[PDB]
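Make the full structure from the sequences, and use the hints.
Here is how the chains run, residue by residue.
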Amino acid sequence: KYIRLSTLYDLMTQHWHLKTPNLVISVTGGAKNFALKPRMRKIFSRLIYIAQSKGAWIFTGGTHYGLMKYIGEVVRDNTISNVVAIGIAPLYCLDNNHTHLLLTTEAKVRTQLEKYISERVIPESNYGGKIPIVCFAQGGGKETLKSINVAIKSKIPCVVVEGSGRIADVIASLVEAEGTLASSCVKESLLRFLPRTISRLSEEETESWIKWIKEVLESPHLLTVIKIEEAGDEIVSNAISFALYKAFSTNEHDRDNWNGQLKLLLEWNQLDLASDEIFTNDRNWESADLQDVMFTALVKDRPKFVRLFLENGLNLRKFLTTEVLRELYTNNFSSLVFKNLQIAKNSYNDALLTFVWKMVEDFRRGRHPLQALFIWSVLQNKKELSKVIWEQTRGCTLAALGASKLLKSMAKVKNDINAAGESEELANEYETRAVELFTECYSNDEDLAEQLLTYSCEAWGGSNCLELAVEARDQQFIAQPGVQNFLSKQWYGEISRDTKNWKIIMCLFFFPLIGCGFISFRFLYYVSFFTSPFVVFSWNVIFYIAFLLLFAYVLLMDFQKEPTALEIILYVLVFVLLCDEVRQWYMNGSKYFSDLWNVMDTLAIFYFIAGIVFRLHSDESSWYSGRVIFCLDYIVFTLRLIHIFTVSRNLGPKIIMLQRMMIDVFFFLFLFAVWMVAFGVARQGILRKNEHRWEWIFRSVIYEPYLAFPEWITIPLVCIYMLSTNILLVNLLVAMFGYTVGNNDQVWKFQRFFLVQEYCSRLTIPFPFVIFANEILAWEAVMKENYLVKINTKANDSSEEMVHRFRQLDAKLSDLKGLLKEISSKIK
Amino acid sequence: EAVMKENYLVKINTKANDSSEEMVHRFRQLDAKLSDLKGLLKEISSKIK
Amino acid sequence: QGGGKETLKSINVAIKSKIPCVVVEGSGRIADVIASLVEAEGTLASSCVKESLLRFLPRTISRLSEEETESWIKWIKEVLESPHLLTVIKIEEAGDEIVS
Amino acid sequence: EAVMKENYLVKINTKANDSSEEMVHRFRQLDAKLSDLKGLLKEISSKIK
Ligand SMILES: CC(C)CCC[C@@H](C)[C@H]1CC[C@H]2[C@@H]3CC=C4C[C@@H](OC(=O)CCC(=O)O)CC[C@]4(C)[C@H]3CC[C@]12C
Ligand code: NA
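Protein chains in written order, with the authors' numbering: chain D, 107 to 112, 119 to 193, 199 to 206, 240 to 253, 263 to 525, 549 to 704, 715 to 900, 941 to 974, 979 to 1009, 1040 to 1094; chain B, 1046 to 1094; chain F, 297 to 396; chain L, 1046 to 1094.
Calculated from the structure, these hints are not laboratory results.
Careful: at least some of the hints might be erroneous.
Straight-line C-alpha distance at most 27 Å; calculated DSSO-like pairs for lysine-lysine [what the hints assert, rightly or not]: (1) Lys314(D) to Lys386(D); (2) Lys301(F) to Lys1078(D); (3) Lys1078(B) to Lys1092(D); (4) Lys1094(L) to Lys1083(B); (5) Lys422(D) to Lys314(D); (6) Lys181(D) to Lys1050(B); (7) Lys596(D) to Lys569(D); (8) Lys149(D) to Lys1060(B); (9) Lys346(F) to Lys301(F); (10) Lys1050(D) to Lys463(D); (11) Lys1056(B) to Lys166(D); (12) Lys422(D) to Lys289(D); (13) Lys1083(L) to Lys346(F).
Here is the structure:
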């Protein structure tokens, strides 16, 4: 949009586009030669994204050269994600990337434009109104120094310089000094950095450059320098906001209006500036009007200011009212994560997620409120902000684990794998946040720690800290030596673990040996003995062994025609071994039958009742058919006993090698039985009874290989006998090393934990008797307060980077020249 | 993709942190400030005689 | 650790009457004044007090009468008479066991 | 074995190399030499007036 020039604001901000909540000015002029360094393009591309986040205008020289060409390429590429680049200008080629072009006699409406903008009060009023202006200067020469004085002296826009240029490095080096307003220190410099420029024209304009700099350094509170040693991220935001704050602070009317300077420093991210110049206690504030600033410090994603307002005094359990919490979930809860929650609730349903999905619903519909703000910041992956709200929670061994479940149950939703990936790495540093918070709680009194593991929590998720870890599969928390000691103290029960291993077993046989000092547990010690799950599991093996020796005895000597007294006890003991399975039919959820060995125990009893049905029929055809499906069930009641010994010896590091291998041979024998059906058909289809068919053939083809003309066809038959023995032997050896593929220390201790806690979830009564059946938290606050001090003590290896140890040398080196130039002045 | 490209080309030349953590230029800027002393301290004695 | 009127009063009435020790740290308004005023000699700080004390706390001095602001010179010149009763907890004691 | 013992007890207290490679005392001896300046440079201005 060309406009020839020789007020402007009305036809271009009402008929064309929006307002301008920021306005950056890059003063370069038509310098065709410009070294866009990889640092100089870092400044003027972070600036475009900052201006995109604020919706600014960029006034620059509208020509197709230098930085002004590089600027226009970034505004072209960033109108797809609201910067408007207004350009003001042999003949220079025009930059074909400025959406509104404003073509000596033209750098006077540029000054007339910005002063009309800088005066223009707007009732949004975050910078006291008055539309913040920055003037970025980086070049050298005539028009650069002119554009600083006509900026600074007429009205007040800030100027920002960097350490790369001809005259920008002059003013970058002329701020750590005093030179009587630099009436003779200008020519001391300005030929060291630009010697060719001074010998071009008249001295009366070179004399004027002294005046052009003495009007600049009158106000050094409007000139921020971007040094070279700001060699990190966020250096343009640390320079604009540091410049904009100076022009705000020196209005001499915001001493009462300190609240304007806080929302300015909150619109940007200036923690170190706000903590030193606003929250420094020589100013009078009350810390009760901080509440509308805190509500914007959350929803505008300021995780560093929410820590600042809390450490400056803010009762968060009194700030978090219910209308404040519903302004978060209804307005400031992002719809993408909320639609991610519905898919998280349906396909992976859990008691925790039903509590959270109820919580987001009735907060979007209509107490422990601090445990609801922590949910708000952990759902949307506020990674630095949820670490701050976690530090205020009443019980933090719990809430670090429960948030680790809320992330990991949403880290499996594959709608956005990045958000499901950031939730996975955030939950790992809540596992790690809850490991060391527990080992510090376990390096102290261990009985005091284990009461916290089984706390009722007043229904945070309704679960304890230990049960929240096993459902979330937090392998780092459960494999620590604190919890694995607690299980071994639980599985041995009230018996001490220092007796021996065999010393308990020599007391199961002989009941008078418990009453002696032969067991060293901790009046009627037998109830403590026969309720610890070591002796419960030790009873249900020697009873199960003695079950089989009277199942074998009734199958050889007895079992003539009458179900005698030895079989009636064999009837009811199977029913005793059945009446716990109807309680194993409880707490199953149709997935505890998905281990392929609880079902073989349940199909064992269902194969036994058919032997009872076949028994009391008095005919010899079903009596012998009742003996045979008793004898085949004798194998299954041994394969349960063998599977007991298989697990209970290799319960340890070999529990991940086993039961991954067990499915791998379950797959291999399935591929064997598929091949035996194939080899049966190729045997039935060759030998006789060729067409002699009934439903005989549907049952003979299976069992017939188990009991067991060449014109050119015998040579592929052995090639089949090479191809068939390959693909079965390969599956045999793949089953041999399926455990190998796939932090190996933590993964077996959790699998060791999950099996014993499945057996600790059993009733802790022996087998024949199954038919018969808030000031402790004041101690964890000290362990909590020592830990929160410890995680902010951790800046040792950050401070071993001696860039502040070199900076305190620089303060002591600045102590020299500030105090040594005064030594020479008292001599003359 | 040009913005993702331009953020990346800035990033690969931003990477001089562990090169600049070698403080041989942080010692060199001390040497410039130490050269600021002797260039400006020998002139203190000359105005006394 | 603090700043203001009653903090500087509670040091002089400590030190001058009998001898309890005082311990300051590098975080505060007037505590950082006395933290920075131990590596120096200023003729008992009769004119070096106002060289500081507005750099660290500028709003505090423009509140009341000069005759009590003149007294703050006396309130500090009685403090730095005995620098053997005033230990400073510096920021660069960034480890364990710094209070002991 | 007392000589092999005495060389070893010296050796385990010799081991403060990687502790002393943390140059916080090498910066502290600069601070003593920087405190040597201001203790001896304010007296230069007082003999001129
Ligand atoms: C004389 C005949 C007829 C009876 C033989 C008795 C055994 C069948 C019993 C008595 C001793 C028992 C064992 C005693 C000690 C334990 C250790 C235990 O290993 C664990 O540490 C469990 C994991 C844990 O929670 O720490 C597993 C079961 C086991 C082998 C018991 C399994 C069955 C055993 C061998
Ligand atoms: Na075969």
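| task | If any of the earlier hints don't hold here, list their numbers in rising order. | result | Those not satisfied come down to hint 2.
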